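Turn these sequences into a full structure, and let the hints guide you.
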Amino acid sequence: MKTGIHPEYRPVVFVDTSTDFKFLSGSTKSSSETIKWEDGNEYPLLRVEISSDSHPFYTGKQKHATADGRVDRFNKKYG
Amino acid sequence: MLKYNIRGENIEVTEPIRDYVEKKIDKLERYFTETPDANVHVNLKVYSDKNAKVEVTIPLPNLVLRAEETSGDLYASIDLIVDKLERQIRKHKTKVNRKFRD
Amino acid sequence: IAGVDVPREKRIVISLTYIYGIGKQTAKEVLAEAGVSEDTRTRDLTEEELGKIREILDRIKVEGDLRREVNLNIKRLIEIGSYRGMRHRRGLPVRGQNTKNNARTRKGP
Amino acid sequence: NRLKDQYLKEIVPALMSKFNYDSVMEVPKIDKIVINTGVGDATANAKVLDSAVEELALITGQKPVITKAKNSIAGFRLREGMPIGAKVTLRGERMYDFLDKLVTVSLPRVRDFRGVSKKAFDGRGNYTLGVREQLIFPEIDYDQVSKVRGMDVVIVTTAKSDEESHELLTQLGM
Amino acid sequence: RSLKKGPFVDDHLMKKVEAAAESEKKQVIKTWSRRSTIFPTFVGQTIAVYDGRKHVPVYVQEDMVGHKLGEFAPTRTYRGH
RNA sequence: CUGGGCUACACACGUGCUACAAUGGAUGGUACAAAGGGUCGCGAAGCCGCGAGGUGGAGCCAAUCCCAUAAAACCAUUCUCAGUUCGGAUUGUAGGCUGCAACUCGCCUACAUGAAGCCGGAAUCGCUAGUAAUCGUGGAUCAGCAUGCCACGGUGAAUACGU
Ligand SMILES: [Mg+2]
Ligand SMILES: [Mg+2]
Ligand SMILES: [Mg+2]
Ligand SMILES: [Mg+2]
Ligand SMILES: [Mg+2]
Ligand SMILES: [Mg+2]
Ligand SMILES: [Mg+2]
Ligand SMILES: [Mg+2]
Ligand SMILES: [Mg+2]
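Those sequence lines, one after another, are chains 3, w, m, F and s. Its first residue numbered 1, the first sequence is counted upward by one per residue in the deposited numbering. Its first residue numbered 1, the second sequence is counted upward by one per residue in the deposited numbering. Its first residue numbered 4, the third sequence is counted upward by one per residue in the deposited numbering. Its first residue numbered 2, the fourth sequence is counted upward by one per residue in the deposited numbering. Its first residue numbered 3, the fifth sequence is counted upward by one per residue in the deposited numbering.
Hint data in this document are derived by calculation from the structure and do not stem from the laboratory. Warning: the hint list may mix true and false statements.
One side of the interface only, derived from the structure: several residues of chain 3 facing chain F at Cβ under 8 Å [as the list claims (entries may be wrong)]:
1) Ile5
2) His6
3) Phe23
4) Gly26
In this text, a Cβ means the ideal position worked out from N, Cα and C, and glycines have one as well.
Structure, rendered in structure tokens:
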């Protein structure tokens, strides 16, 4: 580990604002925050968008949409 | 770069006729050293007594070229309509240059 | 931020319209069910405000899902043999407008 | 840090009584992660290369080493020794933490998230992923982005064939 | 009929295919009415539609329901310049 | 008699409409006309729908009733010089209306997509006062369909030494 030629890599605690999903994995970005978790992990409380707990392929997303029947729609629309 | 437009009435505008009109009126470029691109209006008509007519209009900016002829067959009129047109280009060009040079 | 980066100096009513599938009028309802004023800068809304908007915008369709659906409809017409398919496949005007002149916005230069 | 713990505490027994391995060290693991970028377009302008270099250094934690061309192909207006590309090699704690971040928060950011390819194996147990958008990784920001450009994260595993690598990756969470 | 009072289906065309369900794509139908929306009952059938000078056969699918017959019978014969 | 076509399309030309934004876009309030049409016709109030529109039937063979709220302009807020809150082509979906029938091939509405375009080369056109410029309105043909045509009014210039 050569010194003086690497960017800082202080630990950080992740938090998912979508569903309050705590996560711990150190990251390079400081993000200017402070929060301690899991018996002491004082580090930035890095906010983030949806994590793997809500994504379609990374989670159990059910529909988020609907389907079509066309001939069913033709029968429903026409009557 | 001249763009042609033949209005063939009472006659069929065959390709040999189109080539003849295009190549004969194309030699006017030597005179008017910059002919701005313009549309040529050509009209052809034949009577019952075997007479042919050609009308040409070439609206150059300050030069309104016209000539209309009646002769026996179609080809004679086209060959004889250059003389009326060439006169007007020579008339208009040499009128401008020599008069401003008193 | 809300599906994709939105402008910062702009306004929330205007910034939202930068994502495919949303418009000026629909931005009135998503800012109404969110219960937040229209005249609010994007770099002023809190997490509580931004959270409701993302929840509200989830119900409506957005980019990608809408981008693929329209293309799927275009594909359905290409091989079914409908008349609109040849217009779509050849780039000529699809609806009922002429072609002798003024079809450049679809045919190109 | 934790992902290694769950790997060696739960995934290891699963591979044990799923593949009926003779001894312990026959179970496959992840050896290294190597990330590569290409700046072949930086033949004239040598500064976009540098920008990508600090991008990689920021995104991983270790400065990349600039790679030099091994040939002088005239089709790509090249001469030998021209600096093309960069690489960051992760081995140990950094590897596990980066893979955890990639799988839990980076992948759920692609514009069309339908699932990673199931046929991206070289045939001998190594997986190559091909993300091609800059801030798929949450760390870098949109304002700092100067040119959208892709990346090549490569995972090298000790498994002897494709399928057991597939189950190892699924166990990890790919 | 592009309104609530629709849809519009031609009588003599509709009746002919209705009694042709026993055939089950065993006879070509030769008709002129291009202004009839394609019904679910038409699915699987083959109809010959007049394109201005002749009859062109089309096999009805499920995707063709709700469209007009003439959409699949191009009239103008264009082959470039 | 049915169907198609006169609506085609690599392209060239003429005549028009809309723009390329701050004297502007958007939102709210409000004032000021003339000239015409209406009986197998105009069609109000009321109720419904975001909308185009639907039900309803008053009055009118009309200086009486309807078409029919004129628009630019004025007053407030906001946007802050960007291919944008400019521009609207193009396209997907869902509708309305006429007609026996809207695919070739009609007009209009709702949602979303958002293109060229930041004043135009050579050349060239119109206009002398309620004129040019700009904004609305009506009528003929017409079941439906006009950026065309024929008429009406609102605001309202600059310049003409001279041949
Ligand atoms: Mg000669
Ligand atoms: Mg039309
Ligand atoms: Mg005509
Ligand atoms: Mg606008
Ligand atoms: Mg239509
Ligand atoms: Mg719209
Ligand atoms: Mg441009
Ligand atoms: Mg500008
Ligand atoms: Mg009319």
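Each hint, compared with the structure:
1. Evaluation of the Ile5 (chain 3) hint against chain F yields a held restraint, the C-beta minimum of about 5 Å falling below 8 Å.
2. Evaluation of the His6 (chain 3) hint against chain F yields a held restraint, the C-beta minimum of about 6 Å falling below 8 Å.
3. Among the interface hints, the one on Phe23 (chain 3) holds; its C-beta lies about 6 Å from the nearest C-beta in chain F, closer than the 8 Å criterion.
4. Against a cut-off of 8 Å between C-beta atoms, the interface hint on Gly26 (chain 3) holds, since the closest Cβ of chain F lies about 6 Å away.
Of the numbered hints given earlier, the model fails none.
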